[PDB]
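Trainee: One-letter residues, chain by chain:
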Amino acid sequence: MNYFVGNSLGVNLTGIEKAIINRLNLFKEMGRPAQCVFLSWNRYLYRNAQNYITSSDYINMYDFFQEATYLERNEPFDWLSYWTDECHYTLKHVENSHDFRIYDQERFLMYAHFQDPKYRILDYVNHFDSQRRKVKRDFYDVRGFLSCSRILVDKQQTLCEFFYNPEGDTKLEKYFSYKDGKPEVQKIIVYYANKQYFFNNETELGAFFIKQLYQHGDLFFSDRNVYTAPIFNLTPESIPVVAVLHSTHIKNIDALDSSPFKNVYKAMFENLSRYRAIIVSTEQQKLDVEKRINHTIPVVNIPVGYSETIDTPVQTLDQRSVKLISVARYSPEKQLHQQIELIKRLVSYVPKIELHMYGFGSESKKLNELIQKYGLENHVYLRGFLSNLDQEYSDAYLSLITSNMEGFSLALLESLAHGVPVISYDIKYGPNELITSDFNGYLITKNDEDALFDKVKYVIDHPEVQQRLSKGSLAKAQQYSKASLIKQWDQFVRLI
Amino acid sequence: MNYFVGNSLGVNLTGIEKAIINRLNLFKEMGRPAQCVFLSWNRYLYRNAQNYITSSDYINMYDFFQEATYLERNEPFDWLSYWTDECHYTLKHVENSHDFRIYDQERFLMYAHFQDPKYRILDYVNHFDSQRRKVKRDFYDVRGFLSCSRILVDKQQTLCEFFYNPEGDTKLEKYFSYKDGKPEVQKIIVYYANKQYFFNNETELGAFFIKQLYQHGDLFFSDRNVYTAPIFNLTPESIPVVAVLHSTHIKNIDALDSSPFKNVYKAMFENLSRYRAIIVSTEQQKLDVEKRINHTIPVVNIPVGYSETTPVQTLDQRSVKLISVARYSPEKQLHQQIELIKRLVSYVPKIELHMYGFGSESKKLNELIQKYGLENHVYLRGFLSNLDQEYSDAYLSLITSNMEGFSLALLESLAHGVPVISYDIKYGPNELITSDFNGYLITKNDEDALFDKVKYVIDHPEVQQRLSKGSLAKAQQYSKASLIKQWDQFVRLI
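Top line first, the protein sequences correspond to chains A and B. Residue numbers for the first sequence follow the deposited numbering, beginning at 1 and rising by one. Letter by letter, the second sequence follows residues 1 to 309, 312 to 496 of the deposited numbering.
Since the hints were derived computationally from the structure, they do not count as laboratory data. Treat the hints with care, as some may be off.
Claimed, not checked - The calculated DSS-like cross-link candidates involving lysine-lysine, where the alpha carbons are at most 27 Å apart (straight line), are: (1) B:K373 <-> A:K366; (2) B:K352 <-> A:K366; (3) A:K291 <-> A:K118; (4) A:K18 <-> B:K286; (5) A:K352 <-> B:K373; (6) A:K373 <-> B:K118; (7) A:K118 <-> B:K118.
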């Protein structure tokens with residue numbers, strides 16, 4: 001059995017999350033057992049996983065100990081008619097919210113919070129004593145059951161939390177003490193195997209959990225090396241783990257030798273004999289990493305993404321309009337303001353031009369402030385993150401990358417697969433490998449926005465080029481075919 | 001020859017403008033000659049019309065007297081260099097514009113303005129005197145020639161206008177005086193037929209033109225009645241004309257008998273004996289009109305739009323996409339849809355509203371999308387011409403106006419498989435939707451009932467598909483083949 005350890009799955013999948021799911025779906029078709037391992041406590045991971053993996057494709061560490069691994073949504077529960085009818089409480093609704101303030105004949109007891117406006121998903125319930133101190137907080141799983149009560153001290157500070165199984169029995173206790181104005185774990189009690197276990201640390205908890213999962217002949221893959229690498233350090237070398245690096249390994253990629261390893265990858269690079277091999281996406285990163293490592297341990301390049309059969313429309317280009325697209329999380333590294341800029345000085349040459357920006361991150365409001373400032377309301381669109389962008393690649397003329405650091409770009413390959421050429425700064429890793437300028441898009445010089453504007457403008461001018469590039473896009477998309485990676489993954493696993 | 005008579009075509013086609021082109025394409029297929037007439041001076045008309053009808057398909061009255069009827073673009077002319085290389089002027093380019101100031105050795109002469117940044121289309125040239133007053137503006141046709149010079153007075157006020165043919169010769173003159181604070185024609189001179197004609201307003205010119213155009217057994221349709229009815233009224237009964245009505249005919253739809261006509265239509269109704277008939281779109285409007293006019297003249301219903309044979315109903319599971327194909331004008335009540343989405347976003351976090359159109363409320367509507375934080379959900383997509391791919395992942399169409407004839411936007415939805423949820427307004431929705439067949443009719447302005455239904459259909463994808471299948475069915479009742487029959491019928495019998 002092959003385990004791909006990560007942290008968790010977001011509402012919106014991140015690059016690492018998407019990459020993990022891809023490995024899982026390749027291993028599915030290949031015929032090898034595989035499973036995702038998630039470490040982070042997350043009561044919404046069932047909902048978050050549902051449109052991508054099945055509850056048997058994944059083990060979550062907390063679920064495991066909560067005897068709630070492979071548990072489904074149970075039947076919905078009318079909490080409000082419980083409180084009114086059964087409990088003879090009265091329910092003052094809080095305005096502009098799915099919240100409530102529960103009372104028993106003018107005694108304030110708890111503050112209820114739901115996720116949804118149908119009031120079917122209870123999120124949390126907060127408990128108050130005689131003097132309206134917030135004493136205890138009950139958090140609920142998205143499948144129904146009460147998952148964790150938390151006990152508060154002083155200024156709603158976390159003193160400890162208790163994790164339960166869906167039947168209610170306690171399975172986990174965590175004790176907090178406040179260092180630097182923030183709760184740090186200091187004790188963990190785990191009820192497991194009809195015994196009691198003690199750990200000082202969530203890492204020590206992580207290691208224990210692995211040792212349970214592990215059988216002889218099982219193989220691990222460490223994908224959030226921030227957390228997963230410390231966990232594996234406290235694991236016997238007898239247990240094979242292969243590191244998977246999900247981005248550029250160093251703080252400045254221009255200083256190949258005189259540059260520190262990233263805070264996230266430091267723990268792996270310190271214990272490099274722990275890991276059976278290390279996997280990057282780009283050949284360049286394979287070369288770069290094994291020189292800096294000094295070939296102490298093998299390195300392989302297996303790309304995080306692959307190209308699949310296209311049974312939606314490709315290059316159905318309305319000859320009157322020009323859709324440009326960004327498919328990138330709205331974070332600073334992606335440098336999306338440069339694209340709003342580009343669209344600014346480009347409407348006058350191509351009016352009726354559109355830029356659709358697919359993502360959602362933190363820069364949402366900063367990005368929206370510019371499309372508004374420059375008058376670009378009817379030309380630039382902040383389309384929220386959505387999967388199955390296949391319909392959304394159909395009318396796309398070009399893809400833009402203006403990030404500065406990317407590693408393998410899943411959205412880059414996804415463009416090429418839909419026949420949409422991409423114009424991207426010439427950065428590491430990824431674009432260099434996936435784009436050949438004047439083959440399937442163009443590589444632009446870093447942050448050289450005038451060079452950017454020129455080629456984007458040139459390509460909008462001569463559609464004969466877009467069609468030529470769009471062709472070779474499909475060509476390049478094929479070198480990363482699902483078969484190329486099933487085999488490439490099968491060969492890697494056998495060698496190990 | 002059948003002549004459909006409107007004002008002109010805009011950069012974004014209006015409902016009537018779309019209708020005149022639809023009628024043309026219909027006649028063109030069925031083989032009866034027809035061609036659009038446009039009245040107002042519009043020096044971008046040939047560019048506006050490039051995608052919809054030929055230059056053989058249309059006669060603009062200014063083009064006609066300007067002897068530029070059926071004229072096409074010239075070879076490019078390099079004005080920038082001509083002013084430099086041949087007129088030894090300097091060009092002080094104006095910042096953030098396609099404009100130059102034109103000097104002759106520190107003497108400020110002209111302010112040029114180009115449309116495009118490629119400087120290939122000269123738009124207008126402003127002329128200044130020795131004191132730097134703007135005395136003359138030179139308006140250029142997008143085909144390259146000088147169409148009109150306007151002489152200014154006082155506070156850049158329009159005093160008279162001269163209209164040329166492409167050779168340069170002068171063909172019309174208009175003299176203005178200011179009523180309120182706007183210019184108003186008071187004299188028109190026309191050099192046509194090697195003679196001089198005098199008219200007192202643009203209406204009398206319009207009537208003079210018609211008679212120039214008219215030949216025995218030509219037939220005319222009046223499609224912009226605020227302007228065209230006054231024209232045909234100054235025209236002899238011997239010229240056949242048929243009124244065509246494009247909105248509700250009455251200031252208030254609720255008093256069928258009592259209320260006044262819309263200002264647009266007063267001129268028409270007050271002289272109903274001049275028109276061989278009225279065309280309307282919906283069977284209902286045919287009746288309501290007939291009652292009021294006491295069957296004085298024939299009323300006939302011939303829908304403004306037809307359906308025809312591109313991906314359809316390729317619905318992504320995770321996202322719900324709502325569409326409004328409607329102008330950003332106030333009587334479409336498009337703010338109500340932003341309010342809808344605002345309520346509906348916490349039940350449907352993946353929802354979108356794409357709002358296709360142009361219009362005066364682009365700013366009111368933009369502010370609300372900003373105020374409510376719906377910038378990631380409601381989009382002002384602005385006017386798009388071919389919408390065939392936007393309809394593909396459309397879940398439903400939305401209508402929230404209060405006044406409509408046939409909705410061409412509604413039928414287009416139904417044609418592309420997209421059910422419509424509309425208020426129960428006259429005319430059009432009553433006729434094209436059958437609730438729980440291809441969409442729902444809502445009590446007018448019942449924004450709760452609207453929300454209730456929109457959320458419902460979203461809740462039941464299986465209903466949506468049932469509704470989509472009925473929308474395709476109803477659309478084939480308004481087919482192309484059938485409307486060519488309706489036109490050929492109701493031309494032959496007039």
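Trainee: Assess, step by step, whether the Cα of B:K373 is no farther than 27 Å from the Cα of A:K366, and give holds or violated.
Mentor: Measuring from Cα to Cα gives roughly 15 Å; hence the hint holds.
Trainee: Is the hinted pair B:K352 and A:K366 satisfied, with a Cα-Cα distance of at most 27 Å?
Mentor: holds, 21 Å
Trainee: For a C-alpha distance cap of 27 Å, please report whether A:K352 and B:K373 respect it.
Mentor: Status holds; Cα separation ~25 Å.
Trainee: What's the verdict on A:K373 and B:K118, does the C-alpha distance respect the 27 Å limit or exceed it?
Mentor: Given pair A:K373, B:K118 holds - Cα atoms ~25 Å apart, limit 27 Å.
Trainee: Between A:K118 and B:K118, does the CA-CA distance stay at or below 27 Å?
Mentor: Violated, because 56 Å separates the two Cα atoms, which is more than 27 Å.
Trainee: For a C-alpha distance cap of 27 Å, please report whether A:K18 and B:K286 respect it.
Mentor: With Cα atoms ~60 Å apart, A:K18 and B:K286 exceed 27 Å; violated.
Trainee: Checking one constraint from the list: CA of A:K291 to CA of A:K118, max 27 Å. Satisfied?
Mentor: Roughly 57 Å between the alpha carbons, so the hint for A:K291 and A:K118 is violated.
When the structure is compared with the earlier hints, violations turn up for hints 3, 4, 7 and for no others.
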